[PDB]
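My request is simple: use the sequences and hints to build the entire structure.
Chain by chain, the residues:
6 protein chains.
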Amino acid sequence: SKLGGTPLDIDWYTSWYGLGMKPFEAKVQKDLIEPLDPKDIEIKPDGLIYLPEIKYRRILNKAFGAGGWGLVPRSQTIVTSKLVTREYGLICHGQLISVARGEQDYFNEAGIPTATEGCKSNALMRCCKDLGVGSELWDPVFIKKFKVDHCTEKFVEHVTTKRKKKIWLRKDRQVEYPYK
Amino acid sequence: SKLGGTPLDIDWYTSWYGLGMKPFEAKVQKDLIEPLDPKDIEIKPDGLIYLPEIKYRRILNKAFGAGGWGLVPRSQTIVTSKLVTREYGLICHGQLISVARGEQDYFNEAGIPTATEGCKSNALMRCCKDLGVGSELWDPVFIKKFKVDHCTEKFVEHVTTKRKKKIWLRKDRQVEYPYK
Amino acid sequence: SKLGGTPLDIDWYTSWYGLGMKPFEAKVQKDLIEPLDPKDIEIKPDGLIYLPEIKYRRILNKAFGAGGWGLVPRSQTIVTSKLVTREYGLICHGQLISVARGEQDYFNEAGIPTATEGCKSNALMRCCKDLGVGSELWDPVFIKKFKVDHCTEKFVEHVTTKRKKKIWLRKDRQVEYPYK
Amino acid sequence: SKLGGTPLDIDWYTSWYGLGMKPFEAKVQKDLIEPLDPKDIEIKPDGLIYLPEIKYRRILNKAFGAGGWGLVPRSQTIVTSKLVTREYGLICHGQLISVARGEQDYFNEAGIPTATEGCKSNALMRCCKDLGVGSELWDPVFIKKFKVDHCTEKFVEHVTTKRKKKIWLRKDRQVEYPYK
Amino acid sequence: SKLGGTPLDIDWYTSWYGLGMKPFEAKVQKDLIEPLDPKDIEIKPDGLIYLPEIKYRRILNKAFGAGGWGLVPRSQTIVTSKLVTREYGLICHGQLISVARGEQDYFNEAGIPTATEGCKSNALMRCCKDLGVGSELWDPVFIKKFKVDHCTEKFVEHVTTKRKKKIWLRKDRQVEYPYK
Amino acid sequence: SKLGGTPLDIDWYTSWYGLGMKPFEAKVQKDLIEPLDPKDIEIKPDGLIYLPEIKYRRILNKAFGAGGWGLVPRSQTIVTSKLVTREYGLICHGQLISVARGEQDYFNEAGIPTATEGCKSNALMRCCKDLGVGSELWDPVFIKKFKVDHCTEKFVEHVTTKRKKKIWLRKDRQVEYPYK
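Chains as they are written, first to last, in this note's numbering: chain A, 1 to 180; chain B, 1 to 180; chain C, 1 to 180; chain D, 1 to 180; chain E, 1 to 180; chain F, 1 to 180.
Hints listed in this document are in silico derivations from the structure and should not be mistaken for laboratory results. Ideal Cβ placement from N, Cα and C applies to all residues, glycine included. Careful: at least some of the hints might be erroneous.
[To be verified] Listed next, the in silico SDA-like pairs over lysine to any residue satisfying Cα-Cα at most 20 Å (straight line):
#	chain 1	residue 1	chain 2	residue 2
1	C	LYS144	D	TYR50
2	D	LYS30	E	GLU109
3	E	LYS62	D	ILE33
4	D	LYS22	E	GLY68
5	E	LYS62	D	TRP138
6	C	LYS22	D	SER15
7	E	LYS39	D	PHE146
8	A	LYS180	F	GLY47
9	D	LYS82	E	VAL175
10	B	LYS144	C	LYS22
11	A	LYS82	F	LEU3
12	F	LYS82	A	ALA110
13	D	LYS27	D	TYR50
14	B	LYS44	A	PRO140
15	A	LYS62	A	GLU136
16	B	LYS154	C	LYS22
17	B	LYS44	C	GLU176
[Unchecked claim] Calculated Cβ distances over 12 Å to all of chain B for the following chain A residues:
#	residue
18	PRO38
19	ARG86
20	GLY132
21	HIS158
22	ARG173
23	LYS180
[Unchecked claim] Label pairs and their in silico Cβ distance ranges:
#	chain 1	residue 1	chain 2	residue 2	range
24	D	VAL159	E	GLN29	56 to 64 Å
25	C	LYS145	D	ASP105	25 to 33 Å
26	E	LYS129	C	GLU153	56 to 64 Å
27	D	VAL159	B	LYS82	44 to 52 Å
28	D	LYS165	C	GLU153	39 to 47 Å
29	B	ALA26	A	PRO140	38 to 46 Å
So, in structure tokens, the structure goes:
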């Protein structure tokens, strides 16, 4: 309502089966809590570190295997005038793990069908928090220590607005669009 | 009503199964009441100490394991003009533990879908109180002793309002946005 | 009605199962009636002694264990113009112990979702009275003796109203906000 | 009606199971009729002796144990313009003992939720009369003898009305608010 | 109707089970008909002797034991403009003994909830007549003989009306409020 | 709605059977995560690398075999004024893997039936992300490294607009329509 949008064996659309039922066995637990490789962490120009969704998918495929996990829609797609949002549930080994809401910003009317995939990835990322995957990305100590040895805040020039902005970038990457 | 908002095997949405049924066995009990590491406690500029939600998630994954616990929605999301609130229930080993209401302040209409995740974390934090996780954060003696040996109240200058505020910060951290 | 507010295996919302059915076995009984440590008792500036709710939670987790007890809502949340109130029932080992009404004063419209947690704690405190937890806090002899050897009534100055009030404080603590 | 108020395994809300069914065994009987310690009896300034409700709770926990007794609501809370009243039933060992009406005077609209706990205690006190707990408080000989060796009627001065009232106080206690 | 008032295993509210079914065994019979101790009998200023209700409760607890007897409401509370009345039934050992109507005079609108307890005691006293408890209080010979050796009719002075009334008092007691 | 379009053994149209049920056995897992051959990766003139859908089909036929996988429609075809979109579900070995939405841009009214096949391929590509097929195409490090050793950004001339655009092309391919 407050979102100014209109809708775009086990009934997994509504079922809560297995949620918090029994923990996974040892090797899955070790695979899920494996420390993140520092080379896999990206940072946005405003200074926010994150992990690409494809790394989350790779971790899930390493821990549960292909066909051992999936994303199930839990609500209808809501298309706000500037974003597309939907709820998704993570199922691992026939077990409901989490239900999280994802969103993706779209900028063109024709980009709405593309935005619904970003939303899905966002939901997947937010579901993996219940598994402890990539938890260091939310650790303030980890963020603070990562940004002093692996990142740099450079005053670069925007290629379009012709203005200069101090942006954050990794020490291995280079200045990029929409800047120089 | 008084909240000026509009709605946004076991039916865990309404079920009360296992609530206060039987205590967890010994090693889970020891894992839950493990003392908090002082380096993991953060403090806000106004002087309120807390633990990041990711530490609560890590503790829950250490005590019950991945897939051994989960959060289940218990009510509909209510979107007040300045906050998003919802009730969540903590399920550990097929057992309802607590039902707590979380809230998250949002400042933009497009930030509502993001706020619903903060709410979830807030609810999770408030559910862990029934487990005794992080109980020292509510102990007045603990708060009083923590703020004299591990924290500092520095008169810093706000980077935007150009005014000076005595804010609280850890002795290991440094002055930060929205201040100097 | 007289409250000028509007609503905000076992069906524990309405069930009375186990209420006064059979007493707990010996070690739980000893754990519940353990004398309170004098260092854990706080006193308010007006001179009223109390125990923090986190100590009640710790006692319950020590007597029944995590997962061995819980709070179940018994009524709908009523939001009076200045307070939030709700009834809660304490369940210990699958047994209804007490149903008590809690309340929490809120001062901002955005503080209502936060107030619903204070209410819950209040209800928990009032439920523990049926267990005899912290009973010395209601003993007039205990209150009278505690306030002469462990407390002090100091004429301090309010930091905002710039007036002087004789307030009660422990001999170990110090003057605090909203005073000097 | 005449009260000018508006409403605020076994269905114990209405059940009469066990009422006067079989007496408790010997040690419970001895625990219930144990003579009251004279140091535990309080007296009000107008000259009425009583026992604090926490002593009744302690006696019940000593005779039946924690979880061996409880209070069950029997009617709806009626909120008269100056008092809150409700009926409660005492259940001991799965047995209905008594149904008694309690009341508590409130003086502020925000004090109604607090008053509902006083009412509960009052009902508990009045239920214990069927068990013979504290029966000496209703014995005229006991009251007459207690007030001559353990109490004193002193002409003290009210701290607010600045008038002098002959009030009753124990010989061990001292003059107190709302007097000197 | 003629009362100008408005309403305020076994369904004991209406059941007649056990009424006059089988007599109690010998020791209960001896306990019930034990002669009253003369020191326990009180007399009112107008000259009417009686036994305090707490003595009736003590006798019932001595004969049937705690939990071996109880009072069950039999009608709705009727609140006349100057009295509160209700019917109660005495149950002893799962057996209906008597149904008697009690009444209690109240003098303030806030005293109605307190009056409902006096009514209950009155009903209990009137139910014990079927058991023969305290029967000497209705024996005209007993009353006549008790008032000549244990009582005194003294012309005392009312502390409020400042008039003199010949009142009846025990030889052990003293003049009391509302007189000198 | 927000899309301005009109509709154009196991009920696989709606069923969720097998979603995240059990992982595929070892050789299928190895076949799915086989590294992509660099010669099979294409790049668009704007600089976006991708894999042709026929390579995804070949990988699926290599991992599951012909008849071992299929695409099932999940929604109705929606024909926006400039695109055709539809949801498809990937079924592998009688197991639902993913449900993804595909879209295809059409430029003529007679090209709508042709566009519905592009949509299907798009959906298939987006379903294979749950299997980890071609995951390197979403790895920012992989994209960055691929574009410096295998690609070239050449300033070529558009054959129609007669303007010059710096476009991206592989080092093995040549300039092509709609350019020179």
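Enumerate the violated hints, using their earlier numbering and listing them in ascending order.
-> Hint check: 2, 9, 10, 13, 16, 19, 20, 28, 29 fail, others pass.
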